[PDB]
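Form deposited in one PDB entry, single chain, as C-alpha cells, below.
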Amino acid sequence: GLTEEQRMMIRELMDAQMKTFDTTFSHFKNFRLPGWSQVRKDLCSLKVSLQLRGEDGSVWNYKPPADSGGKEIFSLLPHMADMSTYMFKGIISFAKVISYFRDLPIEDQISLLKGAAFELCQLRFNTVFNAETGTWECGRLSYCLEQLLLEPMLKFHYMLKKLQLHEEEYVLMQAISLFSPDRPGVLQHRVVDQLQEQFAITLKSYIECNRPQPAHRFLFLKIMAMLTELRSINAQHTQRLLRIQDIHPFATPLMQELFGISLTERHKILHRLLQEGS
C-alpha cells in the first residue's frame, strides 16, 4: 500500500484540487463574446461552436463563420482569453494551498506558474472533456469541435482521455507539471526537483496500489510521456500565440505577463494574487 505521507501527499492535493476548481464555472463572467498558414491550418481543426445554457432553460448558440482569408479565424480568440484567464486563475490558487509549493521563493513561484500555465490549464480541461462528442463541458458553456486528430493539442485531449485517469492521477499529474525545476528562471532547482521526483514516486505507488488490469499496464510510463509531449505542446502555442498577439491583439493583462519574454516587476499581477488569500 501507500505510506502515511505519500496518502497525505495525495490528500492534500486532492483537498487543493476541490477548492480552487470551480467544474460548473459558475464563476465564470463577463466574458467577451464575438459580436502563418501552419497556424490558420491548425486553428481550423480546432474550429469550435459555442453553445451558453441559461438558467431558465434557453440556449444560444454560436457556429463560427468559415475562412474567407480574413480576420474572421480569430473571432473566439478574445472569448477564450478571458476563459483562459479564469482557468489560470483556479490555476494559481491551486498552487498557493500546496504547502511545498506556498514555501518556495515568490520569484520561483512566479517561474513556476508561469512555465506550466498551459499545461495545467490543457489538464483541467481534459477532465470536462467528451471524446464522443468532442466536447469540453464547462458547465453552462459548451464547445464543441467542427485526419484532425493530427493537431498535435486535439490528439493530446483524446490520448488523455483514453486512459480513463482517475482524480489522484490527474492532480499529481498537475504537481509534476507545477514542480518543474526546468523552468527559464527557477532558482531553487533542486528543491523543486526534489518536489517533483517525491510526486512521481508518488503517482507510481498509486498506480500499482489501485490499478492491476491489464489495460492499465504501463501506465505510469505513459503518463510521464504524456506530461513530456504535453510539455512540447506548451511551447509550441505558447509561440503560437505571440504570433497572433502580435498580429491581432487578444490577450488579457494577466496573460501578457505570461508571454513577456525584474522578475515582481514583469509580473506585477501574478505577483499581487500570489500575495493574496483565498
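Positions refer to the first chain, counted from 1. Take the two forms, find the largest set of C-alpha atoms that superpose within 1.5 Å, and that set is the rigid core. First, how it differs from the form deposited in another entry.
- The only C-alpha among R53, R243, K41, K222 that moves by 2 Å or more between these two forms, given a superposition on the rigid core, is that of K41.
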Given for the second form:
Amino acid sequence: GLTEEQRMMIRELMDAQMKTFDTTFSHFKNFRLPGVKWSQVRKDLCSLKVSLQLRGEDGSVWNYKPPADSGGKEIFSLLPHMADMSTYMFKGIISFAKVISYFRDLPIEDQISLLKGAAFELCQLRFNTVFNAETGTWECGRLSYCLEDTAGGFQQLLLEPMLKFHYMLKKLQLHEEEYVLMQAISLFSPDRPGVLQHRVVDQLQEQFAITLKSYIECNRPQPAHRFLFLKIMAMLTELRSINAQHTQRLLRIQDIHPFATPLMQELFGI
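With the form deposited in one PDB entry already on screen, would you show the form deposited in another entry?
Here you get just the chain by itself.
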C-alpha cells in the first residue's frame, strides 16, 4: 500500500509540475529562427535531423527543412533557436526544483550543484511526454520538431542513444506521477559534483525511488508492468551517461562556435 507520506510526496511533486510545466508552450515566444580540422567530430550534429513546424495562430503554417553537411560551414543554422528552446525549458525546470521543498531546504550551493547536474535530464524527461513515437515528432504547442525519419536515416537507425531513449521511455507508457518521480530521483542525485549534504540528498533520493517503486506495485498489477521500476531505474542511469556525453558534445561545439545562452553558460562550463 501507499503511505500518507508517500501520498503527500507525490502530490507535492505533481503540484510542482503543473505549476512549472507549460505543456502548451504558450509563453515560448520571441525566439530565434534559422535564417531565410578536428571539427569532423564537431559534426556531432549528424543526427540533428529535425524539420521544424510552426502553426500560426491565424491558421497559417511555417515549415522548415534543414540543409546538409559536407558543407561543414554553417550546419548550426538551427543552434540559436534550439538554444532558446532549451533556455525556456531550463527556466521551467529550475522553477520546478525551487518549488518543491526538500530542495529549498538544501543550502543554496547544493541547489546550484544539483541543478547544473540534472538540467539536461529533467528537460529531456519533460520533452518525452510531448514526444510522439508514431510520427516521430515533439509536439511543443504551436511548435513542432519532426524527426527526419523515413527521409534522413532509417527507423532502425536509432543507434543514436538519445532517440533510442525517447522511443524506449515512451514505450513504457508511464503515468504523470511516474514522470514526476523519476524527475525527482534525477534532481536529487547525491553523486553529482560539488554536492555538500550528499548524505541528505542521497537519502532523499531513496525515499523517492521507494515511492515510485511503491506506486508501480500499487497501480500496475499486470504482467507487462513487471520490472517496470528497475527498467526505469536503468533508464535513468542511461540518461546520466547521455548527459555527460552531451555536455562534452555541446562544449566542443561551443569551443569553435559560441551560441550557448547566459543561462546555458551558468548550468554548464562557461
